[PDB]
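Could you build all of it, start to finish, from the sequences and the hints given here?
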Amino acid sequence: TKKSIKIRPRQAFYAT
Amino acid sequence: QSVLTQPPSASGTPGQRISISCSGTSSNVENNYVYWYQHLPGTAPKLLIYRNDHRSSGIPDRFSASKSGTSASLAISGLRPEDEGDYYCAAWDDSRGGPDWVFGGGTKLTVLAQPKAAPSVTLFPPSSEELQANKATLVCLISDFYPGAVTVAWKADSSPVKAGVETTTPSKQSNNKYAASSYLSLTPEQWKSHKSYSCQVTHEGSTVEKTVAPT
Amino acid sequence: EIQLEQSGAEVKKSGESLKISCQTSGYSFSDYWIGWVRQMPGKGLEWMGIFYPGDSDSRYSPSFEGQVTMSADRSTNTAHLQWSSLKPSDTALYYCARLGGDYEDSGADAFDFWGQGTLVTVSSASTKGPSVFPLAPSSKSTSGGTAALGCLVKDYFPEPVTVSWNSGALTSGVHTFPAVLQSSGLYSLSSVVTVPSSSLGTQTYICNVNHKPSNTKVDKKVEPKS
Numbered sequence: 158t159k160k161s162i163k164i165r166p167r168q169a170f171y172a173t
Numbered sequence: 004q005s006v007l008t009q010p011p012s013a014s015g016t017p018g019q020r021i022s023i024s025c026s027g028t029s030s031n032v033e034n035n036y037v038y039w040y041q042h043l044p045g046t047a048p049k050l051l052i053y054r055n056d057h058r059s060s061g062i063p064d065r066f067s068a069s070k071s072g073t074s075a076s077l078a079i080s081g082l083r084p085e086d087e088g089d090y091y092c093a094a095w096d097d098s099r100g101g102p103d104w105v106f107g108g109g110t111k112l113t114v115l116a117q118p119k120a121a122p123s124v125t126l127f128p129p130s131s132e133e134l135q136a137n138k139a140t141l142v143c144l145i146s147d148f149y150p151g152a153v154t155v156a157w158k159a160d161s162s163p164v165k166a167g168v169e170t171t172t173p174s175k176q177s178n179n180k181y182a183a184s185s186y187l188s189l190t191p192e193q194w195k196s197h198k199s200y201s202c203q204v205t206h207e208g209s210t211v212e213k214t215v216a217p218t
Numbered sequence: 024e025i026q027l028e029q030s031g032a033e034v035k036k037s038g039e040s041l042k043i044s045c046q047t048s049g050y051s052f053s054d055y056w057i058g059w060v061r062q063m064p065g066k067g068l069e070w071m072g073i074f075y076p077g078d079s080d081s082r083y084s085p086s087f088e089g090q091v092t093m094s095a096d097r098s099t100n101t102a103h104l105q106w107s108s109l110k111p112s113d114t115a116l117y118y119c120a121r122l123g124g125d126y127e128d129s130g131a132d133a134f135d136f137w138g139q140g141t142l143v144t145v146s147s148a149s150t151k152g153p154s155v156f157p158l159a160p161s162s163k164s165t166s167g168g169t170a171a172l173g174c175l176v177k178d179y180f181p182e183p184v185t186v187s188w189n190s191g192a193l194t195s196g197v198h199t200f201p202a203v204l205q206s207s208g209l210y211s212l213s214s215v216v217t218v219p220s221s222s223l224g225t226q227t228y229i230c231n232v233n234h235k236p237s238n239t240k241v242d243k244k245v246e247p248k249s
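Protein chains in written order, with this note's numbering: chain X, 158 to 173; chain C, 4 to 218; chain R, 24 to 249.
Where hints are given, some of them may not hold.
Partial list, computed: chain R residues near chain X (C-beta under 10 Å) [stated by the list, open to error]: (1) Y55; (2) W56; (3) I73; (4) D125; (5) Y126.
Straight-line alpha carbon distances no greater than 20 Å define the calculated SDA-like cross-link-like pairs of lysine to any residue that follow [stated by the list, open to error]: (6) R:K163 - C:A216; (7) C:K175 - R:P183; (8) R:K243 - R:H198; (9) C:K180 - R:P201; (10) C:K111 - C:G18; (11) R:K163 - C:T218; (12) R:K235 - R:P181; (13) C:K111 - C:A78; (14) C:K49 - R:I25; (15) C:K111 - R:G67; (16) R:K163 - R:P247; (17) R:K66 - C:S174; (18) R:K66 - C:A152; (19) C:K213 - C:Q193; (20) R:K235 - R:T199; (21) C:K49 - C:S60; (22) R:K66 - C:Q41.
Just so you know, the hints here were simulated from the structure itself, not pulled from any lab data.
From the three backbone atoms N, C-alpha and C, an ideal C-beta is built for every residue, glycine too.
This is the structure:
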């Protein structure tokens, strides 16, 4: 969602 | 791993280009996205740059940023009086393997509005009244300096004194120059056991001192 | 237009509980993380953590885990920060900010919209009037024009103190400095006046100090030493 946090390209925390 | 280091202060004159730096580690600035914020008196921090070098919507194109290895840099061309305030880098740090946000220490930018001015420094010894009450306070009063950053060192005879020192942040005076004060608290036995104490004040590379003695 | 509106300034005694608030407008409150940022007096911005109102997920910075509690009320679109036992070292300006950016279709990565800040002051001190000490004219026959003398106003709480000289008859040359806040919680300040060296042989100097919270009025004569 907007829950996912992307710290660098092609990466995410909290990915759905 | 999880620290961004910036220079504490920078200055320039209106119309100059200046650059603000930020050193990180492999945990943050090297591989993850970096951001820059302005913080002006009386307002919340404002995002200037996102994802290393993307200028934020509505920010003027005199602001730009770059990143090389573990260093990042914010450039401001065409410096304006309005730009004086604090500038922070920020990054994601993944040292604990999650999303931790880290701000840099902040750089205070002065846009030189008036000519440089050296501080006046006055140093008072403990009063006899205060010594009669078994306390001793040295008072170092620093005024009329610009720009508004000073370092204060105390010495006992020739020796650095760290403990018992309380110094104010500098505040802007009626005349747009700055003032501060530093207090050194001692025991009366400590005061009278030394040949002298000094308050040393450093402003833009120049140190001046005042000295007092019990006599 | 997105806005985060924080609660008003707080003045508390150490040990007391406090909950501060950040009420949001202009976007779906459940769908974005909110962060909290501390700024201690004279110091820089420090991240405290984030909280996800949609499902109450949270992440604290290491220094902050167990020291403060984030939460949210979805009935009012308000995020909260709470301490059970405030310490003097919690004295700071506190910001909430939305984590957003919306640079891509999904996800968040930048604190974009910020609240206006809540100032929190915490003291372990009690009302207390100052001691006033004379700061005597150093030297007593110079070749450099003027002499500086003053009064040290020591160990009072809370702010403010007012200082005058000769009951306001002496206004030129006077500089009353901003107080230092000591680690005891008590303030001290100094007032200095620059006067002609020659006038120590005639003119009496009396600093008049009023601390209204203690109902403390002191008149101190400052005269050269022996």
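Each hint, compared with the structure:
{"no.": "1", "hint": "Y55", "in the structure": "holds (5 Å)"}
{"no.": "2", "hint": "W56", "in the structure": "holds (7 Å)"}
{"no.": "3", "hint": "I73", "in the structure": "holds (8 Å)"}
{"no.": "4", "hint": "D125", "in the structure": "holds (8 Å)"}
{"no.": "5", "hint": "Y126", "in the structure": "holds (9 Å)"}
{"no.": "6", "hint": "R:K163 - C:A216", "in the structure": "holds (16 Å)"}
{"no.": "7", "hint": "C:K175 - R:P183", "in the structure": "holds (18 Å)"}
{"no.": "8", "hint": "R:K243 - R:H198", "in the structure": "holds (17 Å)"}
{"no.": "9", "hint": "C:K180 - R:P201", "in the structure": "holds (14 Å)"}
{"no.": "10", "hint": "C:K111 - C:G18", "in the structure": "holds (18 Å)"}
{"no.": "11", "hint": "R:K163 - C:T218", "in the structure": "holds (15 Å)"}
{"no.": "12", "hint": "R:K235 - R:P181", "in the structure": "holds (9 Å)"}
{"no.": "13", "hint": "C:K111 - C:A78", "in the structure": "holds (14 Å)"}
{"no.": "14", "hint": "C:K49 - R:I25", "in the structure": "holds (14 Å)"}
{"no.": "15", "hint": "C:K111 - R:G67", "in the structure": "holds (10 Å)"}
{"no.": "16", "hint": "R:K163 - R:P247", "in the structure": "holds (7 Å)"}
{"no.": "17", "hint": "R:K66 - C:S174", "in the structure": "holds (14 Å)"}
{"no.": "18", "hint": "R:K66 - C:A152", "in the structure": "holds (14 Å)"}
{"no.": "19", "hint": "C:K213 - C:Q193", "in the structure": "holds (19 Å)"}
{"no.": "20", "hint": "R:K235 - R:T199", "in the structure": "holds (17 Å)"}
{"no.": "21", "hint": "C:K49 - C:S60", "in the structure": "holds (11 Å)"}
{"no.": "22", "hint": "R:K66 - C:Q41", "in the structure": "holds (15 Å)"}
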